[PDB]
Amino acid sequence: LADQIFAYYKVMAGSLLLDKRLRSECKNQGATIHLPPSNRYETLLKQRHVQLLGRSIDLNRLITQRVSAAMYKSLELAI
Amino acid sequence: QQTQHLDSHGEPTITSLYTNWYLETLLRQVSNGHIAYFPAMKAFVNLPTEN
Amino acid sequence: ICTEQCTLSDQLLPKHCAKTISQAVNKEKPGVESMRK
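Chains as they are written, first to last, in the authors' numbering: chain A, 706 to 784; chain B, 771 to 821; chain C, 617 to 643, 658 to 667.
Honestly, the hints are just simulated from the structure, not real lab data.
Among the hints, a few may not be true.
What the hints assert, rightly or not - Calculated from the model, a selection of chain B residues having no Cβ within reach of chain A, i.e. all distances over 10 Å:
#  : residue
1  : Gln-771
2  : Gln-772
3  : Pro-782
4  : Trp-791
5  : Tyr-792
6  : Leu-797
7  : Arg-798
8  : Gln-799
9  : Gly-803
10 : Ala-806
11 : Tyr-807
12 : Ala-813
13 : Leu-817
To be verified - A short, non-exhaustive set of chain B residues, derived as facing chain A with CB atoms under 10 Å:
#  : residue
14 : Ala-810
15 : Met-811
16 : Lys-812
By construction, the Cβ of each residue, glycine as well, lies at the ideal position given by its N, Cα and C atoms.
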């Protein structure tokens, strides 16, 4: 879950900042840079007392740990 | 001087020009129904209409 | 001079890279004006 969440938001960030005129031009030559399908991750990110076998699991905390590791990896790779 | 409605010489600066355009063309055509606000793209995008 | 520099600096806009991306998927350059032979 953490892996695909980070991938989804990285792709959305990259797609938001791409030149719009470039997308138009590419579509006009049949080389469309496809948009990323929308997805519903908001409800999962807000979970904080998931119940399993008598334990209360804070999903938000674990997702944050994995995503922060991924962000650090991305910055390191860029540099 | 170009951040004010008019310059020190009483002439239209780019603040006024762009404000006038954004209200009297973009949002007008949005209210007509030829444009829509996509929160996905964080922009306004032409709808695929006849016009 | 400012007109010339604007023409030079608008050739770096992303809108001019459509052909390259289309070629890369399906299948002049800046800095050449400053090469003094």
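To see whether the hints hold, each was checked on the structure:
Against the 10 Å criterion, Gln-771/B stays outside the reach of chain A, whose nearest CB is about 30 Å from its own CB. Under the 10 Å C-beta cut-off, the non-interface status given to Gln-772/B relative to chain A holds; the minimum distance is some 25 Å. With a least CB separation of 27 Å from chain A, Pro-782/B remains clear of the 10 Å interface cut-off, as annotated. Against chain A, the non-interface label of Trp-791/B holds: every CB pair exceeds 10 Å, the least being about 18 Å.
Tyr-792/B, annotated as away from the interface, keeps every beta carbon of chain A farther than 10 Å; the closest lies near 17 Å. For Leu-797/B, the non-interface assignment is confirmed: its Cβ lies about 19 Å from the closest Cβ of chain A, beyond the 10 Å cut-off. For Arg-798/B, the condition that its CB be more than 10 Å from all CB atoms of chain A holds, with the nearest at approximately 21 Å. With a least beta-carbon separation of about 17 Å from chain A, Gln-799/B lies farther than 10 Å from that chain, consistent with its non-interface assignment.
No beta-carbon of chain A comes within 10 Å of the beta-carbon of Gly-803/B; the shortest separation is about 21 Å. For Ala-806/B, the shortest C-beta to C-beta distance to chain A comes to about 15 Å, beyond the 10 Å cut-off, and the non-interface label holds. Residue-level check passed: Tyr-807/B sits 15 Å from the nearest beta carbon of chain A, beyond 10 Å. Here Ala-813/B does not stay apart from chain A, with its beta-carbon only about 8 Å from theirs, under the 10 Å limit.
The Cβ of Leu-817/B sits about 15 Å from the closest Cβ of chain A, beyond the 10 Å cut-off, so the non-interface label holds. Hint on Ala-810/B holds. Least Cβ distance to chain A is approximately 6 Å, under the 10 Å limit. At its closest, the beta carbon of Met-811/B sits 7 Å from a beta carbon of chain A; the interface hint therefore holds under the 10 Å criterion. Taken as an interface hint, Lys-812/B checks out: its beta carbon lies about 6 Å from the nearest beta carbon of chain A, inside 10 Å.
Going through the hint list in order, the structure does not satisfy hint 12, though it satisfies all others.
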